[PDB]
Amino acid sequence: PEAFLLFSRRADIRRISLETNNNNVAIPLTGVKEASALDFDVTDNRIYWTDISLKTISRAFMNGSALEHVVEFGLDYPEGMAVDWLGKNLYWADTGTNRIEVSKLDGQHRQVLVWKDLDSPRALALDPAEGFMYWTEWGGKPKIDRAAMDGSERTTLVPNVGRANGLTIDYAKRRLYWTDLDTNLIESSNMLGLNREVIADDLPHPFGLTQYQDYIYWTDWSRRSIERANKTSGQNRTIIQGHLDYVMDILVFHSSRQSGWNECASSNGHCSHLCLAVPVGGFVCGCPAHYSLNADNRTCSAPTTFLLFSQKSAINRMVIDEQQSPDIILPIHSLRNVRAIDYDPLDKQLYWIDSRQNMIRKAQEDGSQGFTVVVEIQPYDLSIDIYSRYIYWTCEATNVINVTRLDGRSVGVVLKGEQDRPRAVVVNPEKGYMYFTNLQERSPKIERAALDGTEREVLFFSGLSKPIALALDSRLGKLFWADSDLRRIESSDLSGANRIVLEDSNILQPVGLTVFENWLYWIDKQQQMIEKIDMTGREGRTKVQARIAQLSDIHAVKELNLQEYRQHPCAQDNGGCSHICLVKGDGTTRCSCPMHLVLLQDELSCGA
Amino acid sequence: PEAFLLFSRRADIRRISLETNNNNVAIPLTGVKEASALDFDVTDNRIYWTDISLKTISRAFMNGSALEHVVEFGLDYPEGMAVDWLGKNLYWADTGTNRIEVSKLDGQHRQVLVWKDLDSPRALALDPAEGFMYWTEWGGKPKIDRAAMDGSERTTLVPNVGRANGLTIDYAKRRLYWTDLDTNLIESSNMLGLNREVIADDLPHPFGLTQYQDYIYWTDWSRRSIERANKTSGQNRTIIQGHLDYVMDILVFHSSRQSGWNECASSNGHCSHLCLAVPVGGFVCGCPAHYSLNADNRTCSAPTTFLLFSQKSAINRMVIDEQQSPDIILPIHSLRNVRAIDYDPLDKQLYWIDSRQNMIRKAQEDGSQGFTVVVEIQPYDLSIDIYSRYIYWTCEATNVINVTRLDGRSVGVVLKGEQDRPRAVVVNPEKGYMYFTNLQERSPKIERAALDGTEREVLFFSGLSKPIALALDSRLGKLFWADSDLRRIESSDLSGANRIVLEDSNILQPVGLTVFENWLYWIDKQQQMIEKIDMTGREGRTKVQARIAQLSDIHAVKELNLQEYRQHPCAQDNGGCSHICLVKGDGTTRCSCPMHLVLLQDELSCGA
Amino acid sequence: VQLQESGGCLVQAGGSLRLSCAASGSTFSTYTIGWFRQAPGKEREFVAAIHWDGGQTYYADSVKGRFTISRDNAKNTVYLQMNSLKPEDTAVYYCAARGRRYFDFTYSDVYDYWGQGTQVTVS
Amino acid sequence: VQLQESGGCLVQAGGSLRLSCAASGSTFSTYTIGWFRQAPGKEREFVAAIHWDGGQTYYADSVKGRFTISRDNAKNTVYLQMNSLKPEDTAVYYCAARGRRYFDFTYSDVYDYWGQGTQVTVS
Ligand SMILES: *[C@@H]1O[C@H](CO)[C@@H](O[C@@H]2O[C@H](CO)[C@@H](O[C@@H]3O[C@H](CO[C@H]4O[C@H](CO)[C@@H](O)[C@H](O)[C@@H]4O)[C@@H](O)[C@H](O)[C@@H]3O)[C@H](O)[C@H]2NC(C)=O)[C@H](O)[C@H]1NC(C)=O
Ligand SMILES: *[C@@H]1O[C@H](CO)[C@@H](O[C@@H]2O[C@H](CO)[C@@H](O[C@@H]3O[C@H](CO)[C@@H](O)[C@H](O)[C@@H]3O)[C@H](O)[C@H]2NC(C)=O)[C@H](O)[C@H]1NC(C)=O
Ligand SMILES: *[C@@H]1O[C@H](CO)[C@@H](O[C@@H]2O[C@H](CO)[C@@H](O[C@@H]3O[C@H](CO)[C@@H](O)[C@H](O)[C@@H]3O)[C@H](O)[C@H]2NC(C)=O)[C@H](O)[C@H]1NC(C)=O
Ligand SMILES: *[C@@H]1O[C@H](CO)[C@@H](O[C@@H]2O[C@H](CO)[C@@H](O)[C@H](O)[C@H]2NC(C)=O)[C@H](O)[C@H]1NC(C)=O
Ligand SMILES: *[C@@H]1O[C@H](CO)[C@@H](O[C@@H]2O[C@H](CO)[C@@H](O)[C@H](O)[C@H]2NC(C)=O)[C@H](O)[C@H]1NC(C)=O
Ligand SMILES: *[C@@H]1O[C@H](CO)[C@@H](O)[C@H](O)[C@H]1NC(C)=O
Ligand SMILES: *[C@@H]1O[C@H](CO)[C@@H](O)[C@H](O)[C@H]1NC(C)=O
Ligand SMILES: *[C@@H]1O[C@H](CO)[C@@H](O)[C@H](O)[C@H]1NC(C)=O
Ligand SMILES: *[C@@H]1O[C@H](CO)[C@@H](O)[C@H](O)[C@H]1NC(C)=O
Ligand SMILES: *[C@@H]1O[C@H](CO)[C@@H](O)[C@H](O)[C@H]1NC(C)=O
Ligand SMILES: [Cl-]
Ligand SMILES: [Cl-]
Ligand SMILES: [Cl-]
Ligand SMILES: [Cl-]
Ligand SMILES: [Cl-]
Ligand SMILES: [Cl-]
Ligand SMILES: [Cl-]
């Protein structure tokens, strides 16, 4: 086929033929605001581009159709992006999030490859035929690093360089090319960073770089042009096209720049998800974020135990492993003001309250199958009874505890009352009780009641100011609460005995609690931190992540024991009850009702 | 010359040649969001268009140069627009404001021509060679009206029609064309609205319309096309171009559609501002809004006395005349949250406080020569001493009365107290005193003091809750305040005697006062009303305008008698005082200082 | 003016579903109500629009013959009747309104009010 | 980040004027500060921009040779030195900032912060 040049500028991606050296024509795209980096897949006739203003990476055919946004979440400044044409993978570097990530060319199986000790990666270049990837860094000390295309064996390749841009590989002659924006030079070296050469030292403002055959191409923001010169001497210079202000990136669309081969190019290396190249010309199978590679070194298993913490407009996931894998944001759409979260381990769906929309919503961790459970009212906190498939939530407007099935059908109200101000809530269906904070005027309380609203008991009425968070661990028989005004975290038995302060120092605004294994996690909204303490008392209080803005809630997810779940007497058709199924101290069950109904003489049904 | 068709669609105005093979090419414009109506001036090679989203009417050459927004204020839905190519005037119709307006083609001398009993005018067509003006109305009873191009002799031309669109005049054959969007027909009548004929009754969805030679052109939103047919039989139909979705307006750019002549084209009728055509082929001279035509019927005089009333993001002007001219919004840019307004009748400049920017700004009624006088701080109210050229304003943050020269040079603080809360303020430099409300906690007061801060006297301390507005009339010796809590407006002498309630019923939230001569105007923010009462007693309480949202202040402007102004002893260079010039009871002057200075032995200067 | 969509849920291939858009704070006699849909990783797409006063309806080619937009004579509510649902019809369906009658109804930028959207999944 | 312009006034033709842009929440090690102008009835026009870290300056053709953009070394303030002022230089001058280096500095839509602007009128 014929080679042509593609360049990005403003919200346009245009084509310049090299048969005519003119014929400027735009690629018919829509929805583009600020096109930045560019790449292509010649066998698919597809182009790829990042949008710094929209925080997206997208793709489409040259014709203009099949326009897809393959990366929409978790981006801040996606300056670098490159296509793995052999393994059919998309790589990118985010200067804001300080991450090198990979995914399929359609966006599936997104994984983080570099995240430790990485300060502002900019340009990115891939060598899949050999298994190396190269990127520039605008960190504290700018440099050019190299690593295997699975993120391993990272190393510094060129330490003595300014803030480089347009990193380009000459695959025929084994040379790296880049533009030093701090010294305004076009430089070069071999693939190990040695034999530095200055290609052009008299250019006013070079920016963006590519290479094809005997020539290098660059854009000059001062001369507002795209130019070309002999790749070795730097002479034989010529103007390709002028009057082009602030051209961000250039490349030569031709098959001769996407050559080579690896085993990922033939049946994806028998990998179930990611086939990632490693030196020399080899490959390793990869998995999505927080997934683990199986013993066959080919297939991937989803995480069974993880942490969930929410912000105002985001819900994130975090695992606890030896690798210390980075936290990710879940692709949940239309998050406005998340107030609390919960998780159903049976159907593996995430629940949350949005205070601006005043709804309780549900979705899969990948964002699909969104559903509104309850939608004036103001849901405050929620807690799921996974055995009876109920949601216990408090209404800030009507001051009630309302019970709703997972499919949205209302069960009824189990707590209403003069003076009552129910807020935080946690259910303990293993014992048949619920625990909630009662923020009555100038007399806050932590109360307990049966899951039908009966057996009301005030557990604590002193040493409280604004108890705002609640957690519970049924196996240990412990209740946990955090007081945002008094700035401390306390604990007690489920009976209410043995009240003790766990932490009361270096805590500004605790607004969430959860229990992992023997650790008590909490979030400090003002300190922007997640911390944890060892409830066995052996290890000390540790920070786990900082600089997290607008923290809202935190919730731990344990792998569901199917056997222990099916042994709960309300797990099988609600124990015969039409509404509320209550576990007794015997281990057997009762049936009860919300407050607008009454239990009939069959001791199982509720009638008005 | 060559004829071609221009059409609007989305944010683009495009060109189609009628002689050549249809070469659809876009006019290189910028900043367009939603182009709707279209017109042109062939002698200028200029095009005109309205933007419904941006609420503007703009102009540019066919090459895109000299892009100008000639109408930027006071627009809501500018659906109709037409170019007077003989008198070089711009006409437009706004469906929202319910107004037919005129101005020069560059935007100068904007005037309202039709505003009384006008319900939603849509399309607009001009016939300046004859002096007539035609428009369609989408009001309660749709019809097509006619009037002289100065706004007079308004009449109903076609009463029996639906909501018409694309009103077009065949100047050669004396017929009107329009599209009835309610019956989906293309109709035609003569210039008298009689001899109705149906041109095309089988079209799926016609919308835009224009006429050229033997042809009519129209856009069809169902067929997504621009089509053409014989203007008489409706036969010989053809498609000019397809695959054009939702084309708003069309026109033929050719000199054959801008013929004729009138006296405005030869000498502008020797009018100083506007030359407006009237039947039959004559003209009359017009003036900008609120200007008056002198006895020579050629020159225009600016309004000498008028009323100013401000909203949150607007400052408006209003006069009192026989024809009852409409109120206009002054082209003041960057208004965010206007709290109070004032006016210097000497240099004829407008002053106001913007509570969001927290500054005191100044400009003319042109909107030009904007200047910030005061720039944390929180100006609340202001009152201008037009003789000493000072502004007396209260600071809500620091609770002081601060004085500042008109050019921004600070004079100093004249009042400050431990528990003082000075808010509303009005200056009486003819007597040497100022009046201000003191909103102390659960003890609101109306106080008086000399213009230097001495002789503090509480005039009233009972019958008040939230005295929020103040006004003063020096010839009558009367003080006026309005209580927003007690919902009443009172009056008293400057001494403090004869306190009387003027109105105390049907008043929700009075937040402003002013005096014209014998009338006391006020604004009710909650009722969105401007009302007035007669102080001499002959007439009763009347409304002057309704449905005015977010009212903030109101201020009357009286024509300044310069010889009486020069007789004030502080008008001649502050009477020799370096700071505060005080009129005393005998008519002579005294010098004083702000509180951080002291008067020196020379009895004229103030030093630290 | 506020808008609230409802009716979205999981539904089989070839099945039917009716969405509704509750409206508040106006008579909407000067409004156009339009429906949009946005699938993950795709641009927002125009579906249908209707004049509250007039009854004129406008449809995208991808939903012609299958989708019908209608108006309630009683409760200030616009409906979207969706028949013959394909898997590609899976998206979050948004309700939009603008106080103007004749304009480019596919131009989503010029609409004045939007709802929270409701999710329609088709297997 | 909050910006506040100052220095605008009335100046003769051919005179000189220096504008300044104050700063708050000084994240300016990663910011580009640009100047924009807007005359009444005209589109907003790019004037000049500067990299706070780096020192690179960029100018419009209508102000080359006459205008100069600079940084303060102790104040967190960008200056716009305006020499050889023409009457058509009359406009409200706006100071804009964006937490990014190297982009189309004339693209006013992508800047993140703006000031209230200051009025310069040239006779
Ligand atoms: C557009 O549509 C027209 C029909 O609506 C096309 O036909 C033209 O029609 C005229 C008459 O309407 C015919 O021209 C001649 O008419 C005279 C009589 O002329 C007098 O009467 C007519 C009608 O009352 C009036 O308009 C005149 O001013 C006169 O007062 C006959 O004596 C001739 O024999 C001849 O018929 C033709 O049918 C035609 N005119 C032409 C071809 O010049 C018209 O052709 C269509 N135009 C296009 C561009 O397609
Ligand atoms: C507890 O939460 C449930 C929802 O989970 C609330 O039920 C909702 O209550 C409203 C008003 O009581 C119902 O609206 C009504 O619908 C009927 C039609 O059935 C209509 O005729 C009425 O005019 C009114 O619009 C709504 O349908 C219902 N929703 C469900 C899913 O049951 C309940 O009100 C909450 N309880 C308290 C005390 O807040
Ligand atoms: C009454 O209004 C005047 C302005 O009309 C206020 O004067 C302003 O006062 C501030 C300080 O409070 C001045 O800022 C100062 O600038 C000098 C440099 O000249 C600097 O050395 C100081 O450290 C301080 O930053 C400001 O320039 C001045 N403005 C004018 C036009 O004089 C006055 O503060 C107001 N009164 C009260 C009680 O607030
Ligand atoms: C858009 O360009 C693509 C790229 O070819 C076309 O989509 C497919 O292209 C492959 C070749 O890579 C063909 O085998 C397929 O048949 C194409 N798909 C379809 C549905 O035709 C597509 O044809 C182009 N679109 C237009 C309108 O030209
Ligand atoms: C764009 O067109 C306008 C109008 O055609 C040009 O402005 C003037 O046009 C007249 C003729 O109509 C010439 O006599 C003048 O010399 C033109 N003005 C100037 C300053 O040259 C305008 O020049 C055109 N602009 C471009 C870039 O082509
Ligand atoms: C580039 O320059 C080298 C000399 O350094 C020369 O040998 C080579 O032929 C040149 N190539 C082209 C394409 O001009
Ligand atoms: C390129 O450069 C070298 C020497 O400067 C030489 O081969 C030749 O003259 C130049 N031009 C071309 C077109 O090769
Ligand atoms: C997986 O990899 C390890 C080390 O790379 C290797 O020792 C092991 O044999 C591999 N697993 C299988 C099933 O081959
Ligand atoms: C169609 O147009 C021709 C001219 O091209 C005209 O003479 C003829 O009368 C028209 N025919 C009809 C049926 O309108
Ligand atoms: C102006 O016109 C009015 C009426 O149209 C007339 O009474 C008056 O005499 C005219 N004055 C002049 C100077 O033409
Ligand atoms: Cl303790
Ligand atoms: Cl951290
Ligand atoms: Cl544009
Ligand atoms: Cl004439
Ligand atoms: Cl107006
Ligand atoms: Cl530079
Ligand atoms: Cl500098």
Second form
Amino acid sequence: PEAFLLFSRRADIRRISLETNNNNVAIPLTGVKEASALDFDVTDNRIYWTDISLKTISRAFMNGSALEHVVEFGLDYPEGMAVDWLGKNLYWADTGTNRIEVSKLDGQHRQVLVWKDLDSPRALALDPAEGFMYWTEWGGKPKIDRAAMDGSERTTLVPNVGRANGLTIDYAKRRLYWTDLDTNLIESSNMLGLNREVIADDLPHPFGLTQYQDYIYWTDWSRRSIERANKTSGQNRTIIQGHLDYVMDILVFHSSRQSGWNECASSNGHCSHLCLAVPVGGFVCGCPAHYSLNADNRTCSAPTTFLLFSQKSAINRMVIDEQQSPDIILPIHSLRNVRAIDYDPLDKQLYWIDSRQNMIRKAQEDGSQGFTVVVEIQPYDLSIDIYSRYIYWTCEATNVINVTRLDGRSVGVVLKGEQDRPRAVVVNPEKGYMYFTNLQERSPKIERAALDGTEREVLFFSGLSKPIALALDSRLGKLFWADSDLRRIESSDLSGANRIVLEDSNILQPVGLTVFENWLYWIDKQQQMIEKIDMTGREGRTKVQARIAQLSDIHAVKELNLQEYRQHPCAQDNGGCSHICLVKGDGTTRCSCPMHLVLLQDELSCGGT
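Please move on to the form solved without the partner chain, as the form solved in complex with the partner chain is already shown.
One chain, no partners, no other molecules: that is all that follows.
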């Protein structure tokens, strides 16, 4: 097989033949803005690249076909990237997010492997046959680190270096090569970071490096060239190609650079998701972010409970766990201005309002199955009745509470009055009630009504100025709200009894709130904070996360007890009801209708007028 050298420069990935240096061509890719890190896969001759301007990681065949973005969310500066050709994983280092991550080569099952005490990780190199990965860190005190390829047993391998790049392993000879931008040289060590030897010096900015057979190849920005030298002696130096300024990466493309074996074998180690190499020649089964590995050490389980929080253009998920796993961005396309979110735990689908396009949309957490539920309306807030399978939502333009089935079929309006201004809304189908803020002129109110709009009552009319967020927790039997003018968070029993102020200090702009276990979580848009308060009163107010821009909503997802769920009388085929099914205070469950219809004598069906 003829070996080739690939390199990135500007928006191009170019190929040079190491047998005939004159032959230089561009790989036929479209849509590239800035080609950065490069790699390939020996199995199928796909090329992989990062684009630090577009914030993506992509792949394609060398003929340009099957071009796809395998990572396109939650990146900032993906400067390091490598293919694990044995486990069939993609690894990357993001200098902006300070994370080292992994996924399958097609982008599935993304997981964060390193995220704590990480300062500008840059050049990544993998040794899947041995089960170790290596990377450089710039930032405060530059160093080269090593970890197992599942992220475990992280150590500093080389503590005394300048800003290092082009980290490359000679797998045949068991040596690690890198460039040093500050000491102005290329050097190598053994795999333990010992027996260091300078190969070439007087290189003001050796930015890229690779190795093939007896030669190293590098590019120095001051020389504007790609050069080659003997890897051991540093002699026999020649120019491969000149007049190449600011080359970002170089890669020897040849099958001998992706050899060896490991115990993942041809079966992904029988791991359900990720097969991650660990020393020596072995593996562990890995899981997507927030999943847990089952007792069998092979299969993964999705998180049973988590918190969602939205920004203007992102929906994020976080978990509370012993590892303190990091928050992730959900890969949901076409977000523009997310105003409010909800989640259906039965079908595992995220719902949101987008205020740019005035729509209610849904998708799976992995981004698939995107669908428009409601589309001059102006949705403000939404709340899912997970038993009856419909969404209650407020319209800021017509000032109604409308009800729409999850599949988009309208049920109809349950609240409308000439002076009514329904805004925040939350349903409690366990008891048959909905709760809403009513921002009536000169008299804001918190109200409730049965889920068909009957039995309307004002719970609170005093001590309200701009109640902007509303939440409830059926287990605690409590209602919660936040006022952005009085700058406080309050609570009461769901009946309206026992109103209390939870917090009235250091609140600026409390735009959402949610209950997770015994904690009330809220988001403050101005302070850019998620914070929590302990409802048992034992622990103090605690900061959860800071510096989150454009916060819009927060939503806790409890674990769904499927047996309890199916015991809800509206859970089986909407209790036989054509429109609304609801629990009543007298202990019965009944069918009812939106405002334009009446219940017929069968007590199941609604008819006109």
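Numbering follows the first chain given and starts at 1. Take the two forms, superpose them, and find the largest set of C-alpha atoms that agree within 1.5 Å; that set is the rigid core.
Undergrad: Considering only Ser334, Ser301, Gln235, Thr398, which residue exhibits a C-alpha shift of no less than 2 Å between the two forms, with the rigid core used for superposition?
TA: Comparing both forms, the shifted residue turns out to be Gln235.
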